[PDB]
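Visitor: Residues per chain, in single letters:
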Amino acid sequence: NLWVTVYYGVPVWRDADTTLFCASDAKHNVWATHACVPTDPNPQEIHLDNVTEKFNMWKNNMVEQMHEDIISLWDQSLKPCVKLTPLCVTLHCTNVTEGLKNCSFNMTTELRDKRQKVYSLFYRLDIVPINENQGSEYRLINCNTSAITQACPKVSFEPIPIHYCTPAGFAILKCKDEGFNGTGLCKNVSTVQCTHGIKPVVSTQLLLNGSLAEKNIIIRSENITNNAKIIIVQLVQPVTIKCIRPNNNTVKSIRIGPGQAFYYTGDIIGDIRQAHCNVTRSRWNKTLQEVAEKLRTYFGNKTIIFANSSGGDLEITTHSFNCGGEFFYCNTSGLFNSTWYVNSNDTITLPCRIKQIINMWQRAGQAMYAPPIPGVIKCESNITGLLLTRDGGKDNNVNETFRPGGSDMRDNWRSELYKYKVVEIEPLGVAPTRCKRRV
Amino acid sequence: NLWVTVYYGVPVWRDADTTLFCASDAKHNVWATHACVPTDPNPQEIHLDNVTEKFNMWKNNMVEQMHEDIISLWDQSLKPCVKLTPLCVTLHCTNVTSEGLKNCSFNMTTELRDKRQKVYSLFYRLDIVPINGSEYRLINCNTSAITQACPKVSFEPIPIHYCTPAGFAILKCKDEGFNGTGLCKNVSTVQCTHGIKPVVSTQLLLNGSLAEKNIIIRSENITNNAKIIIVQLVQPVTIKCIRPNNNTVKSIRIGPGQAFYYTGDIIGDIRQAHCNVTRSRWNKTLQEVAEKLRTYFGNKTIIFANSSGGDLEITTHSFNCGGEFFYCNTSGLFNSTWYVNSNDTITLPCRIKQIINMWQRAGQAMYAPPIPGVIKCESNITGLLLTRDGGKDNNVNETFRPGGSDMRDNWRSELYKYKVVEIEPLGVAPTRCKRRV
Amino acid sequence: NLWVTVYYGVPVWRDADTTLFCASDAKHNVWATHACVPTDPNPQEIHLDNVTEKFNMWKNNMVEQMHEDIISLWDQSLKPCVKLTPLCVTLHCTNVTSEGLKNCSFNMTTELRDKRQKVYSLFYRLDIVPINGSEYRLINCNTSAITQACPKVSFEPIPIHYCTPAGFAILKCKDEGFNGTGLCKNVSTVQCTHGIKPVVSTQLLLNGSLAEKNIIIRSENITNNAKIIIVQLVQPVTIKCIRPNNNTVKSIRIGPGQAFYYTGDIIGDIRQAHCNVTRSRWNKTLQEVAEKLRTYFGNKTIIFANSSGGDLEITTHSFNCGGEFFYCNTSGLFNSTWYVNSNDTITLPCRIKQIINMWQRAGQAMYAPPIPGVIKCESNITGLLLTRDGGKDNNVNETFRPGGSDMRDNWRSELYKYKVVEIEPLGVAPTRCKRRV
Amino acid sequence: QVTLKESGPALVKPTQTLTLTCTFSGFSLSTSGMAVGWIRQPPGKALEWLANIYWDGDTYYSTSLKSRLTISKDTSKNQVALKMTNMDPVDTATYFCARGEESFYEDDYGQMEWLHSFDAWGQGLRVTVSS
Amino acid sequence: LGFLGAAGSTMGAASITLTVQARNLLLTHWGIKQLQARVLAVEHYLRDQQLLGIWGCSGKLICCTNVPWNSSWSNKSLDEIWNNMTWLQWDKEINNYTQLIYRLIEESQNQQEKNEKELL
Amino acid sequence: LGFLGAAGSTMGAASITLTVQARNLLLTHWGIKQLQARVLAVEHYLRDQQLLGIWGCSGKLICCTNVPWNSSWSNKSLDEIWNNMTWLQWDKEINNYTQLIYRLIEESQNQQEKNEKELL
Amino acid sequence: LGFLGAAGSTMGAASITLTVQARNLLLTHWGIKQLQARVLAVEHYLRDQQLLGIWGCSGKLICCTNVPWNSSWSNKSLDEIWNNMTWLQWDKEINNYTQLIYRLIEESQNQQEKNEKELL
Amino acid sequence: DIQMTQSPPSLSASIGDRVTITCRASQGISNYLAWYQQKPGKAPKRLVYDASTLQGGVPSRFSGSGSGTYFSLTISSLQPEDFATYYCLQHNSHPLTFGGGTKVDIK
Ligand SMILES: *[C@@H]1O[C@H](CO)[C@@H](O[C@@H]2O[C@H](CO)[C@@H](O[C@@H]3O[C@H](CO)[C@@H](O)[C@H](O)[C@@H]3O)[C@H](O)[C@H]2NC(C)=O)[C@H](O)[C@H]1NC(C)=O
Ligand SMILES: *[C@@H]1O[C@H](CO)[C@@H](O[C@@H]2O[C@H](CO)[C@@H](O)[C@H](O)[C@H]2NC(C)=O)[C@H](O)[C@H]1NC(C)=O
Ligand SMILES: *[C@@H]1O[C@H](CO)[C@@H](O[C@@H]2O[C@H](CO)[C@@H](O)[C@H](O)[C@H]2NC(C)=O)[C@H](O)[C@H]1NC(C)=O
Ligand SMILES: *[C@@H]1O[C@H](CO)[C@@H](O[C@@H]2O[C@H](CO)[C@@H](O)[C@H](O)[C@H]2NC(C)=O)[C@H](O)[C@H]1NC(C)=O
Ligand SMILES: *[C@@H]1O[C@H](CO)[C@@H](O)[C@H](O)[C@H]1NC(C)=O
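Residue numbers (PDB author numbering), protein chains in the order written: chain A, 33 to 58, 65 to 135, 152 to 187, 187A, 188 to 309, 312 to 323, 323A, 324 to 356, 358 to 398, 405, 411 to 505; chain E, 33 to 58, 65 to 136, 152 to 185, 188 to 309, 312 to 323, 323A, 324 to 355, 357 to 398, 405, 411 to 505; chain C, 33 to 58, 65 to 136, 152 to 185, 188 to 309, 312 to 323, 323A, 324 to 359, 361 to 398, 405, 411 to 505; chain H, 1 to 35, 35A to 35B, 36 to 82, 82A to 82C, 83 to 100, 100A to 100M, 101 to 113; chain G, 520 to 545, 568 to 661; chain B, 520 to 545, 568 to 661; chain F, 520 to 545, 568 to 661; chain L, 1 to 107.
Next up, chain A with everything else stripped away, as it sits in the complex:
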């Protein structure tokens, strides 16, 4: 006969949710990675031979956990910064000496019983006329919904990488397969104590400074045939994109309240021009040709078309940025405008606008005010992914349109955490054999 026996420290795991903590190489950052445990310079990415694992990035709890942590870190970093509640006053504006508005208003100086007049330049997107009757009085946007909070000028929004590591007794399974579509039995799997440096870069309609595919365009989607589901595309090579803010801004500081400083834009040195981004037309042309070819595999012999968003709020209908403090809003209609078929000076300029009063989380409770950055600022990054949506309300016929989707910041990080999944190891295992305990 056979008897049951137990074995400790056995290799086996199960899918389960667990808390994750910060980890990063190494004060003045919004993510507060300096008050975090340092990362291990020897990642034990141990390869697991012959194991098969089922991964579903659309169901892991890490993406949702990261979303809450990023929001928590953002709110926490603003708690000690000065509040801009007093700015909600009548704003008398005039045209700049079209996109800017030279405004004058009374401000509460350090002495609470004294008010001082201040001249400032506010973008038209951050100003909304209080009385339509006269375009002279204006009220700051988001003033009738939440209190304005100014970002601390010392801290910066640089997306420094952060490694998400689980406590002891849990492991992160990494999928090494070249071309994991994001859901399936990853053939090439390895175990690592925790993920690599994840850069929390906030973006919309495009993935910046993200990971790149190995040698084939990866199109991942929980339901490629659905319309309400977002389609994430990953490029094999990076498409360099560079922008610039030609307005040579002159930042001026005036103290309001008991020693609390306020930063605003002063006079512009030289000519004033709209913000814009550049991208090689030749590189982007071949990129869409390859992307459309791969996407065509999910619909057979059909043509692919790209449109310029669906319309609505500026927060979701345009690309975003976190360049040195500023927050750009670029009109991507110059890129998602073309047609493709089965068979098939060099730069594209995207008009952009800058808005300081932002939220970047679709929340109506808190309002972010980005202080202006002095002098000309240039921004360069690599395009590694796109957030697409299948636009269709009729028969698929011979063509199908696609637009840069999104409307959910969770999809931004899903494109980077697709390679991982958290599991709980159960070192207890029972199996039978031909031995009996002595007595």
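Bear in mind the hints are in silico, worked out from the structure with no lab data behind them.
C-beta: ideal position from N, C-alpha, C; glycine also.
Do not rely on the hints blindly, as some may be mistaken.
Claimed, not checked - Here are a few chain A residues that face chain C, going by a calculated C-beta distance under 8 Å:
(1) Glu102
(2) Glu106
(3) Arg166
(4) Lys168
(5) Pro291
(6) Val292
(7) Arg308
Stated by the list, open to error - Derived list of chain A stretches under chain E, where covered just means 3 residues or more per stretch with a C-beta under 8 Å from a C-beta of chain E:
(8) 124-132
(9) 329-343
Unchecked claim - Listed below are the simulated DSS-like cross-link pairs for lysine-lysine, each with C-alpha atoms no more than 27 Å apart in a straight line:
(10) F:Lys617 x G:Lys658
(11) E:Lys502 x C:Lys92
(12) A:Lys282 x A:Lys92
(13) L:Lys45 x H:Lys71
(14) B:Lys601 x G:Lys658
(15) C:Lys92 x C:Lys207
(16) H:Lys13 x L:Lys42
(17) G:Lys574 x A:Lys117
(18) C:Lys502 x F:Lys617
(19) C:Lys502 x F:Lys658
(20) A:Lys207 x A:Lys117
(21) B:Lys633 x F:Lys658
(22) A:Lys117 x E:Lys282
(23) L:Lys45 x E:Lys171
(24) C:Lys117 x F:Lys574
With the hints as your guide, set chains E, C, H, G, B, F and L with the ligands onto chain A.
Guide: Just chains E, C, H, G, B, F and L with the ligands now, with coordinates in the frame of chain A:
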């Protein structure tokens, strides 16, 4: 010969307090059920045999911990959203054209600080105090900052299951007619307490548990007149309360965001707040309650008086049903005598009060927003907080008044059957055994 | 030959840093003594026989946590108190009717947030600065919001006990005349430090620990000229201070339940606060300190100077007793010179201050409420913080000056007899032992 | 019922100094906010503000008349007087004494002050400049 | 039986179900409360398990030792202890001397281990 | 091999590297998060360590019991368990009977200690 | 005697009093600080306890394995090691070899782990 | 200086006909503006303050509108007692200033 031997996993415990925590059934509730850990769908209640335990719900420390959690949860629900300190501006009021209401008007700042605005509102007389001569001040703005009760959350007393950390246990007494103290001979153990609704009522226990077969009286010292005498009914007494005033709701923005809500015009005839209770059902209850008191002590006439009097936060029955706090005058109930021998509801006038504290805390105050339209409410009266008046030596009759004046005793009527103990799974005893080398 | 053998419960340790937790001996104190865990019934110190190891008070992280912990407690005791943000209104000052006091008048909003109130108050010139010259402004108003400490909680240096979690222990050096960094004898271990009083002060340690049998001079580097030199006294040099101004406090409510206290009026003639010290005792005590100072380095030319100069917070002697904060001109003490050869009270003029930045924080400003009536106090001077500026060739002479420019070194003089270590009871050693199957 | 009553010399010689004074009964000018001012209207011309005095004694005058206008209040007898020098022929007009109002607010961040339009006006008196 | 279902039964009968007890031993307001609650549960279990570990009874429900019983602690008969009294009532009889018995068994184990160390 | 490096190997091959797997079990937002995560590991490790202790297998990677192998749990031959399948798929087979198997081990172990006490 | 009372005594005498040391091994600012301190205490206790558990010396104060001593670690005689040595001095002498020694007991423990498999 | 203006300075109306006048400012003066009625050779009287709140006791025939910089007074129906001069005053900040006046003539 007898050698000592240690036993592990011994079933023995000792009385001791611990760090209790919540548990509830599956952001918009003041008790924060979403944040609390979900409760087990099948709590494994184990019955015990031959065991007797000494219960003392008065000396119980978990009741005080629950009092802290309720207050802690209250602050955590008011603190996040809008505060109401800017409303300390002077008020100009006059009588309503259509007694208990005043058409108050005052100057206030709109969304933009540079611009002002003149508004009109209808505040209850209890929420307004004179300052002079038609000038008044908002009550409580000379003692604490007002915090408007955030309307996105509801004050519905959803039950919360109270659990204890692992290694401890809660003893649940199931003996019929078991008062607060005594040796329980039907003890049972359970990981967490059953669904307990934290009602904020005072002077009368609403929506609480009921007795098994007869009325039970609880008091650490019934002879002491300064000790509360909690009474529990066997059959509940339905009570219905309503405010016929339609009370339309309006809103104004005081500074950036902070959408303040205030009462508008009263649609229809104005009327006072009141409650209804069946005379026969309530009168019959006092007959048995008085009989129970007579059987315990003072085998003579028993009488009930209309409280002691004082502030409305102490000498009046209050409840939270309907979203607006009520302050009812229970003088119409405790107005009867009981000797040894022995459509039609009783009306109780009530007054609404928006500026409240509900915890006798003079450092904090909260403003309840108005509820549009008429509000319907019904509840089961399962207990009372009686306080026998002992200012004079009893001769032939005793005077009982619905006193209280303490919020801890309100919930003590529900946790009377619980006691937390720490498990001691290690013990020793003698045995004729010898461990070899 | 021999084989390995692992032991448990081994008495070994390593110099490591750990998180300390307070245990205030047995609500009304800034250090939150009522919140700390109860102190031990008695210090369970175990004497370490035959043990001798190195000590280092200038590198241990325990002193750093003491500074940070005290900082957190100070801020934690200020957050629930009233804030004086609306008090930044301009001030119109004039000379007092009866030189360092100014009769300032300003406007403030009463309890109602609509009406203004004109008041008159007395503010010390140190905390009042001009704007151009009849208009003035409060100091630190252009740096941070002024916060008022609750008048019912005092800043008395109540002792607190520092403790280590299980697995960590603090070694206690008990060598008479122990100077510091180096070998120590008569070591002892205890799970919690003795009652240490966080006596906040500058260039003068009040109510500190007296020397065992002789004057002790300690510093991480005596040869270093630009470093602090701490001295411990074996005898207590009693200091007596008093504020003869009969202050009469008055108050107003700047907001709902937000009372503000200020100096209403002074009865009699204004007299600057001062500190007394017996000339004979200080002269003799300071002479002994000079002798030990000469032993370490140099011969003769033991000269003391009147501070360095600059900000008042560092130049003067910080002192607090009864609620008020004092800043005295210590030039009367450190004014002498000696060689190998070798009424009755020294008075130190003092200027009271109300706006202070304890812990030298620009982001926070404290405002001590004025204490009514005459206030007098006494303390024991047990330690001095001295610095030298002998950068030039000290062949003929050099001098010393008071200061420190840091609060961390203040507690270092008290925690000099402690060191935290980590206990790793897992040890190994060879032995003729063989394991069986 | 509040009422204003102004008085002064009906005729004044040129280049001389004159004083006007108006009485009030409905207010005492000390109820934290009450103000009072003077306005003038030439024959057939538009109105013209002259000066305003508030409860706290604060005075405000017109930009063109700041060099020859003065306003004072006598709260002990409920009176407000205006003094004007350098009488010129164009100054002949009908002078009115009207009560104004002022309000304050304190939203923690900073003090806010608001003015109000005149509500009550006096009967008025005509001043003629003749040689 | 269930967890703690044999507390009121006789000691002899309760000794047959000791494993069930050991097995069952194991907006942010509730989060912090529950966090400290778990820490208290873990430290409480290790507190009693640590004592059992140093006494040489690690991983053993029933365990004997070399310390002899002292009549001063309790003069009750062996039969009356294991057949009439209950665990809850029996613990009250040794409310005193419980801390002293731990010292004798723990110190005996130290010297006993040393004897086996040299013998081995 | 490294930590958890023998998961894909067969049952017998995986039984040779259990020591490493057993050894590898041990501004303000990050601080509280790490504290909650660190205590979770301690609680998780104690959850499995406690069961191993009461089963008479404390400190033994390979431990034997006296509970016979009920065929209802699995009828597959020994060679298939120890030479063909792995732990990943084996756990899914006994997932339903894992809880019941633990109960029998406790009862059998408890009876063993009681029998040893009376025998001694 | 007391906690750490035999730290400075001779090496051999401190071995007979290790049980005492093993036994004694276990507003808003203090709440979080105390919670962190308590968790650290349990973590440090389990850290060292885990090593002894995996080495087969679970809950045993004194334990030896199949590791043959190496002259590189030390060359002192047995008499001076046990009769004329202090624990603190001995630890500093083999502080570098402490981690290296741990590897040897781990390797030797694996040898018994490998040998005990065929014994079944 | 906060200069004020208003148009039409003079207009001709008819009995019972609706008529309105406008007042413009040199800059934004919020809604701190009022209007006054003045009979020929009489003390002025206020009829609307804050540009929207109708003065108590005055009939509902008059009404105010506008804000920021463009204000206006509307009269739904004229009556013979409307023979008077209307003035617009601003009280956003000192110095106070009156409008140019608007005379109405009934045909
Ligand atoms: C990513 O790769 C996985 C495989 O690793 C794909 O999984 C398969 O998805 C289909 C739906 O698209 C599931 O349904 C089956 O599809 C086939 C083909 O249309 C159909 O013949 C069957 O009747 C059934 O509907 C299929 O079960 C599923 N397979 C597995 C192993 O899960 C997944 O679709 C890929 N995703 C994308 C967007 O490429
Ligand atoms: C599994 O994926 C890994 C990479 O994650 C592959 O390992 C690489 O293989 C290439 C091609 O032989 C080598 O040049 C690299 O040095 C390998 N390592 C790395 C880190 O890139 C591996 O070949 C894949 N396949 C299998 C079966 O494991
Ligand atoms: C609850 O019941 C207990 C008994 O179960 C009562 O306590 C006893 O009261 C009698 C009164 O004559 C005393 O003689 C006993 O000594 C009491 N026993 C104890 C242990 O106190 C208790 O009075 C009852 N309480 C109430 C409020 O009814
Ligand atoms: C308690 O009851 C007495 C007697 O009823 C109250 O006094 C009078 O009660 C009658 C009842 O019809 C009222 O009409 C009178 O107005 C009451 N008079 C006074 C002077 O109060 C007494 O007020 C009640 N006490 C409390 C605290 O409610
Ligand atoms: C200290 O060492 C001496 C020998 O130097 C020894 O005799 C004595 O016993 C030791 N003291 C203790 C308390 O062990």
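Visitor: Does each hint fit the structure? Answer for all of them.
Guide: Here's how the hints hold up against the structure:
1. For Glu102 (chain A), the interface hint is violated, since its Cβ never comes within 8 Å of a Cβ in chain C; the closest pair sits about 31 Å apart.
2. Residue-level restraint check for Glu106 (chain A) is violated (minimum Cβ-Cβ distance to chain C is 26 Å; threshold 8 Å).
3. Taken as an interface hint, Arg166 (chain A) checks out: its beta carbon lies about 5 Å from the nearest beta carbon of chain C, inside 8 Å.
4. At its closest, the beta carbon of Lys168 (chain A) sits 7 Å from a beta carbon of chain C; the interface hint therefore holds under the 8 Å criterion.
5. For the restraint placing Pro291 (chain A) at the interface with chain C, the shortest Cβ-Cβ distance is roughly 43 Å, beyond the 8 Å limit, so the hint is violated.
6. For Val292 (chain A), the interface hint is violated, the least distance from its beta-carbon to any beta-carbon of chain C being 45 Å, above 8 Å.
7. Interface hint status for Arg308 (chain A): upheld, as the beta-carbon distance to the closest one in chain C is roughly 7 Å, under 8 Å.
8. Judged by the Cβ-Cβ criterion of 8 Å, the region 124-132 of chain A is covered by chain E as claimed, because 4 of its residues qualify and three suffice.
9. Only residues whose beta carbon comes within less than 8 Å of a beta carbon in chain E count, and the region 329-343 of chain A has 0; fewer than three means the coverage is violated.
10. The hinted pair formed by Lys617 (chain F) and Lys658 (chain G) meets the criterion: a straight-line CA distance of about 20 Å does not exceed 27 Å.
11. For the given pair, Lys502 (chain E) sits about 48 Å from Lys92 (chain C) by alpha-carbon distance, which is inconsistent with the 27 Å threshold.
12. For the given pair, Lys282 (chain A) sits about 21 Å from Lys92 (chain A) by alpha-carbon distance, which is consistent with the 27 Å threshold.
13. Pair hint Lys45 (chain L) plus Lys71 (chain H) holds up; C-alpha atoms about 24 Å apart against a cutoff of 27 Å.
14. As the CA atoms of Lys601 (chain B) and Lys658 (chain G) are separated by approximately 21 Å, the hinted pair is consistent with the 27 Å bound.
15. The straight-line distance between the Cα atoms of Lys92 (chain C) and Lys207 (chain C) is roughly 45 Å, outside the 27 Å bound, and the hint therefore fails.
16. Note on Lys13 (chain H) and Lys42 (chain L): the hinted pairing holds, with a Cα-Cα distance of about 25 Å set against a maximum of 27 Å.
17. Distance check on the hinted pair: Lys574 (chain G) and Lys117 (chain A) sit about 24 Å apart at the alpha-carbon level, within 27 Å; holds.
18. The hinted pair formed by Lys502 (chain C) and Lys617 (chain F) meets the criterion: a straight-line CA distance of about 20 Å does not exceed 27 Å.
19. For the proposed pair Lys502 (chain C) and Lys658 (chain F), the alpha carbon gap of about 20 Å is at most 27 Å, so the pair holds.
20. For the suggested pair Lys207 (chain A) and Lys117 (chain A), the alpha carbons sit about 14 Å apart, so the restraint of at most 27 Å is met.
21. Distance check on the hinted pair: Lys633 (chain B) and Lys658 (chain F) sit about 25 Å apart at the alpha-carbon level, within 27 Å; holds.
22. Only pairs whose Cα atoms come within 27 Å are accepted, and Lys117 (chain A) paired with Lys282 (chain E) is rejected, the gap being roughly 48 Å.
23. For a cut-off of 27 Å, the pair hint linking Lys45 (chain L) to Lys171 (chain E) stands: about 22 Å separates their Cα positions.
24. A threshold of 27 Å between alpha carbons decides the hint, and for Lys117 (chain C) with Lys574 (chain F) the separation of about 19 Å falls inside it, so the pair holds.
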